[PDB]
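As a starting point, one isolated chain is supplied in structure tokens, in the form described as "closed state" in its entry title.
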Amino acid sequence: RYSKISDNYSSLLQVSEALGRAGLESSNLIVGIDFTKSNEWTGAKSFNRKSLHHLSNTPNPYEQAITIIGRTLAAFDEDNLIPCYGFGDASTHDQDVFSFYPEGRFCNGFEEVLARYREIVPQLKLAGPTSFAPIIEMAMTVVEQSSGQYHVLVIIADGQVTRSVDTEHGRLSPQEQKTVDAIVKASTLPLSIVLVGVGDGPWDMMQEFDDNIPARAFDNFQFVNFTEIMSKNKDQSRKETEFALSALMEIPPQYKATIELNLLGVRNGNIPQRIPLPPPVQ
């Protein structure tokens, strides 16, 4: 489907212009980066047995995804300010997020996101387990504090939310419970959530995860498999446009939904204020 569309898109500029014609207006971007220890081994097939957070003269999958999404959404970002958070390292585990800059200061453009990411990475201790509840709750808090301006939260991760050891008997983990609850509660705000999967996975459980999210006033969640798209044997430009479209094609409909439900521009009033930890760096 996005493959069929991308066959006509040679640049991210075209994708940006298409999003605009599709109704997307002022749109803000929040980025959350997975710093769990599994990043050390989920690059076995997709990244030459290197860590997915390996730094070098070629971008790792996190840097690549940030670049494509950032370049595509930049045109809609009026203040160019991107709240950016890490989670899953030893300072946050599955409980918190940390801001890329102290005092929760936002990054100035995706270029600063990328630069600051490279500074932070060598100082982190990767940990776990995996929950997206803190990062989704952080995004909720930012949306509320902005008085309901429309945000897209892009979570880039190398593994699904941690499951129960007794998952075979239908039991949910607290990580699953809180993450699903956060997705549902986030639908009371003008907020879209895109989960970008990098690395080997496994990601075969995501369709089912999506299907099992409880009913919401609008569908505010998308999963996109970066690795599967970028592993196709076609030109770089069209792998990039396919990924951009696969991640963002549904953003303008979702935006329109937040207007129809009168979520846009208002405070919900029921949103706990999550506080980001400082970046755990020198």
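So that the term is clear: the rigid core is the largest set of C-alpha atoms that superpose within 1.5 Å between two forms. Residue numbers count along the first chain shown, from 1. Compared with the form described as "open state" in its entry title:
- For the set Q95, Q145, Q207, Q123, a Cα shift of at least 2 angstroms between these two forms, after rigid core superposition, holds for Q207 and for no other residue.
- With the core superposed, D166 shows a C-alpha displacement of at least 2 Å between these two forms.
- Relative to the superposed rigid core, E78 undergoes a CA displacement of at least 2 Å between these two forms.
- Comparing the forms between these two forms on their rigid core, the Cα displacement of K232 stays under 2 Å.
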The other form holds:
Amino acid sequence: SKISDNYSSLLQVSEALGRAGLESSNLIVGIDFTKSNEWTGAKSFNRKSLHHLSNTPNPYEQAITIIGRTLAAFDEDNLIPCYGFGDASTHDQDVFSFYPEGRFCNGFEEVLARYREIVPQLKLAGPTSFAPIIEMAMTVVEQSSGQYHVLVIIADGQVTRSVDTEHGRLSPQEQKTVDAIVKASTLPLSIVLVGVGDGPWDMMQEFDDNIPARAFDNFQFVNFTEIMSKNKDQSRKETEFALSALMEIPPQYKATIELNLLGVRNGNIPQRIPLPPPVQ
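Right, and the form described as "open state" in its entry title of this protein, after the form described as "closed state" in its entry title?
Here we give the lone chain, stripped of any partners or molecules.
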């Protein structure tokens, strides 16, 4: 069933996790390197590309940074597998690992550094689909034998569609993304979409709230731009981010126990191989 916003403060989330008795969790990060990032910073990033490097941190650097300051404790060994998708080497079919032999980033400081080192070497492309990043996460979970994971996807939310959809019919990219979300729910995996840039966010909100075929609500949408836009203190910004990102985690974690997913091998999860980073 659909999971609502049941907590009005970070403290309530923490207590809910306390009651549920969470003992162990790990993070997975996926980063959208599709071409739409060049134009979804029109209003929110002064007509620059969301991936543009300079003296000001771009929204991806900001999200990675805030994620590291607020969610780091939810990765138990501070080793974070990072993947990119949607550049010219992966299109809508594959992901690549941040490092050549699948070596994990040691801390989000290194996630941020490696991001900076990689992104100007990429050809931003497409089409845009979340199926490969989610399928990657599924393989990480299956290979750990059903250890609980949270996949954090940082993206601009522009999954490929036709503007004159006729009407409510999904693109292949949307349909494959939905199928991946539905299949993911046979595994102990939480997904958090951190939306950067201008939106629009209709489809992310649909992933969040309305996929009847899945076994539990396994997908939360965080509007990162709207949180950072609020004329409000920086510590209150990060607290509001943490709250939004963790909002569904206590019920999702509980669902993995009640649906007998936690610690169990599914047996029907194809092994996705990440491509090497297309870099020097």
